[PDB]
Amino acid sequence: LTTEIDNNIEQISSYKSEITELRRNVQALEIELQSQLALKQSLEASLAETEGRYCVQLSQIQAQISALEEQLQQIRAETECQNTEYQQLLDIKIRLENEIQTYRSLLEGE
Amino acid sequence: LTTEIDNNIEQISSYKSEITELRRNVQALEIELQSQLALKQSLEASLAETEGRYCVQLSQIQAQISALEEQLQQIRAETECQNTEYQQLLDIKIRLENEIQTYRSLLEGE
Amino acid sequence: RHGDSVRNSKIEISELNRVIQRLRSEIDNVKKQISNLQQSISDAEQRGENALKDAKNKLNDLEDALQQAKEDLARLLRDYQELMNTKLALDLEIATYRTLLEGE
Amino acid sequence: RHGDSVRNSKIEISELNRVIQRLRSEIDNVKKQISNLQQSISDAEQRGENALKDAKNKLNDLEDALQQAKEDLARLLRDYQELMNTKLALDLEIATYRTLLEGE
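Chains as they are written, first to last, in the authors' numbering: chain A, 347 to 456; chain A', 347 to 456; chain B, 386 to 489; chain B', 386 to 489. A prime marks a further copy of an entry chain.
Only chain A is shown next, with the shape it has when bound in the complex:
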């Protein structure tokens, strides 16, 4: 019927009202993900920045502790080496003590 056709046209107009709300919310939907992807890349950039920031902070100080451990070990062997030199002289000092102790006893015995 003619009225039914014009009714169908009214439906098509209603759809012209709907589909416009459709096609567009997709545009509002499509931008919503643009916002997420724009955010994601910025996070994995801060990630690579933090991980990169700490890793180098470790590498740079772990090089100072190593240069300290070497510099430490360097004198720890020098102390021992000088610990000997201290004993060598001590061996002579106390040996110089027994001589004047008994050089005495004989000029005494005299």
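Note that these hints are calculated values from the structure, not bench results.
With a straight-line Cα cutoff of 27 Å, these simulated DSSO-like cross-link-like pairs (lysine-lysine) come out: (1) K439/A x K472/B; (2) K443/B x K455/B; (3) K416/B x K386/A; (4) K472/B' x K439/A'; (5) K386/A x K417/B; (6) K362/A x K395/B; (7) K438/B x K455/B; (8) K443/B' x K455/B'; (9) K362/A' x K395/B'; (10) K386/A' x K417/B'; (11) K455/B x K441/B; (12) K416/B' x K386/A'; (13) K438/B' x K455/B'; (14) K455/B' x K441/B'.
Anything over 10 Å on all C-beta distances counts as not near chain A'; from chain A, calculated: (15) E364; (16) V372; (17) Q410.
Restraint ranges, calculated between C-beta atoms of paired labels, are given here: (18) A480/B x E426/A: 28 to 38 Å; (19) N371/A' x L451/B: 49 to 59 Å; (20) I407/A x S425/B: 15 to 25 Å.
Built from N, CA and C at the ideal position, the CB exists for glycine as well.
We have chain A already, so just place chains A', B and B' on it with the hints.
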């Protein structure tokens, strides 16, 4: 003289022409450094990014070579350990050979 | 014309209902991928932090163990120089005694 | 008025000649500080690069030294299983011979 005063005013106007060129090139100068400082911070950011990028690339693979060196050393000791087990059985195999070699000689002598 | 237009409007919803629900399944994935990433941020951020102070107190405990060992050596050298200048004085004892027996 | 204005214009150049030449001494410093930084970029960029491939071929040379050692073991186990199944056969030789002397 009046003419000399008005002349001085003309000079002041000339200065009003000059000083304006002055005060402003400073504004064009001040922005020029804003451009440099804006650039500098971005470089020392890329720097900290590269150094951070490589350092972690080293740390992450230097962990794989280590896990390889361990996994390698793990079987290198297993090969030797199985090298023995191979010799033990071999010692018995050739020992099983002298018996049937001389078990033969006697059933032969029979 | 008509039927084609009736048809022209239902292709716009049929295809759309597929695209938008595949994109809604994607909007959910992305915002899930950042949660996976935000956790990865907090982890490596928290991790490196404790791993950092572990080297801070290390270096601190160690750089203090050196300052003690540094002066401990300088101490022994003041001790070594001390009993050294006594020893020399003792080399002058046997000396003056060695001259006595020359004089008898 | 006048003299004050004659004076008002020469303070604008006296002070300016100081600020702009201190800023020109600064514009030169900044663009020097980036040259110092750009060199630091190229260095660490070039450095890490060769230091990277040094570990790439390392791992490569090493992960190849493993694949050889990996099959070298599996080879010995095929060798070990071989002379093992001969040995068992030899345990059946003395066996059948041990039964002979029972039968005399």
